[PDB]
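Taking the form deposited in one PDB entry, here's one chain by itself in structure tokens.
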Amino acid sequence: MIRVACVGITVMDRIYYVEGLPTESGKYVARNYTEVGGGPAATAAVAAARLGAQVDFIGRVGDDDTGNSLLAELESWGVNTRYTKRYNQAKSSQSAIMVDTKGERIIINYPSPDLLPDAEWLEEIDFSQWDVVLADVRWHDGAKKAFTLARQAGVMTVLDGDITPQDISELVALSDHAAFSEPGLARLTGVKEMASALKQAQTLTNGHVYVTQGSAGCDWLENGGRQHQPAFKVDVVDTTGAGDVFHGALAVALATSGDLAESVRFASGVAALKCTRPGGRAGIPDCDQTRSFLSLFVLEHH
């Protein structure tokens, strides 16, 4: 089967369901609240595990109750946490998330400063044991080190190019597949027009560049041409982690088939189904539920 490493952040999601996204200063009341594990690499690992892969998550937690809950949750999804570092006297990372009734979200992330950025401890891990290494940009040194070791071992690298304060140029160069979010690509290039931004991103790597655009689907460059995969329409409750699940599914599909069109289509299906349930994980389908959704899509109007 497919052996996956996911390198990046694991954070506790504190999700507030509101009438509307709070645009202005004031007091608001949440209609509902859920506390669930998140973080791009960690949710991507859960997607890979749901889809049949043998999955390692490699990141950093504190020794607070949050840390032990984050890792226990990943283990219950079939994600192995043996390579995750526990810092002592450390808070784990967490986010406040506001989701409106259309499933659009504001995420405020607080990276715990007790989790050191040092990635040298990754050098003790044998990266040659995996078919694919996924990394998020939210642990910059972990992504740089993991992709360097993965390229040296001849293992495919897949980047979750989300928005982040630092420049991710050097992570993109180490990426076989650099799958940006719309905001991620805009921050990296400083260009708001997606088509021109994607051509600029392509100059940063010999790998493939993609950009996800929520319900507008996914664009990528292949044979010097602009490719496209529409989103699948579903009853959306929560788009939180759509990107994370898309990246997990894309890494599994790319490692399985090598086929960009079929892999992006597969990942779009998995991400669409995730959007139908609250949080990053409850809606994640297995391989069989995904193939039913994708193969019966053409037998009905949707």
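Numbering follows the first chain given and starts at 1. Under this definition, the rigid core comprises the largest set of C-alpha atoms superposing within 1.5 Å between the forms. What changes on going to the form deposited in another entry:
Looking at CA displacements between these two forms with the core superposed, a shift of 2 Å or more is confined, among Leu221, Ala90, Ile125, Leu204, to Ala90. Shown in the overlay between these two forms, fitted on the rigid core, is a CA shift at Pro285 smaller than 2 Å. Annotation: Cα of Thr34 displaced by at least 2 Å between these two forms, core superposition. With the core held fixed, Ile106 shows a CA shift of 2 Å or greater between these two forms.
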Contents of the next structure:
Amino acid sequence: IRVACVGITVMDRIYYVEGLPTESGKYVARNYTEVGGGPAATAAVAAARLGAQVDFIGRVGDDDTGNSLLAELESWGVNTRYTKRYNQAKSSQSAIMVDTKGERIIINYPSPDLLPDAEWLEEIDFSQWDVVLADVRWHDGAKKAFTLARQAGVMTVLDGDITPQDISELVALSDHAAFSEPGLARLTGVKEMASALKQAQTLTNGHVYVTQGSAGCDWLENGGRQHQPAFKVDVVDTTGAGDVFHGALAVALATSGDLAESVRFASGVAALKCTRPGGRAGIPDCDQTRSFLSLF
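Starting from the form deposited in one PDB entry shown above, please give the structure in the form deposited in another entry.
This part shows the chain on its own.
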């Protein structure tokens, strides 16, 4: 399966501290780790670990951070070839402080050097992939990549989360729009997930889904309400479950056109990742997955 992931890549700089700052002054971290993130980036890593030809299309700087981010993606088996590296530019990143009790302070810097312009996408031949997954954190890239992919007759999958911008026009370009409870609520202005999914369906000729963590995943199939329960597992690290689900769902939808099979498969990949520690290091492969899924 050939997969493209369009969206954002951010370097998390994690500082483990005795207590979260709270007041001003100098503090000393007991420990430090540098892990890449971003919805479309983690989704790509998931799809690669499941053994797809996976490409990540996003924006980085010509700085050390840019190099660190794209090198990690490659090391995970994600091709960075069509990612735009901007000259004399800083990449997006976050400083994160983490308490003993698991409480987090996040300072995100979205780099203004990485321009929202998405005319760069026209240089890419989109026919070369079976599915294009996009996140809603780079609206102009999502819209271009989906238009190109539709012109080429390629499958489109959206990670429809909470964003300030209206994603009505994006849901319409989506063959599969997989929302989050908040994402779906913002779009429809309806807080009852059932009614919302029905409202959302009217916006697209494609399929609509809402993920509710432990409550599992709901979706509409020809006006019929369908559901896949969440897998009861001993959760250890929930860092990127939603991103990993979208990655697996794209691969599964491309391989097995079956919605029900695809959603079960994704729910499993996500669940297995939550058991294994190390965030991106916890993501299973088509073998570790098939095995976990056999525990039925």
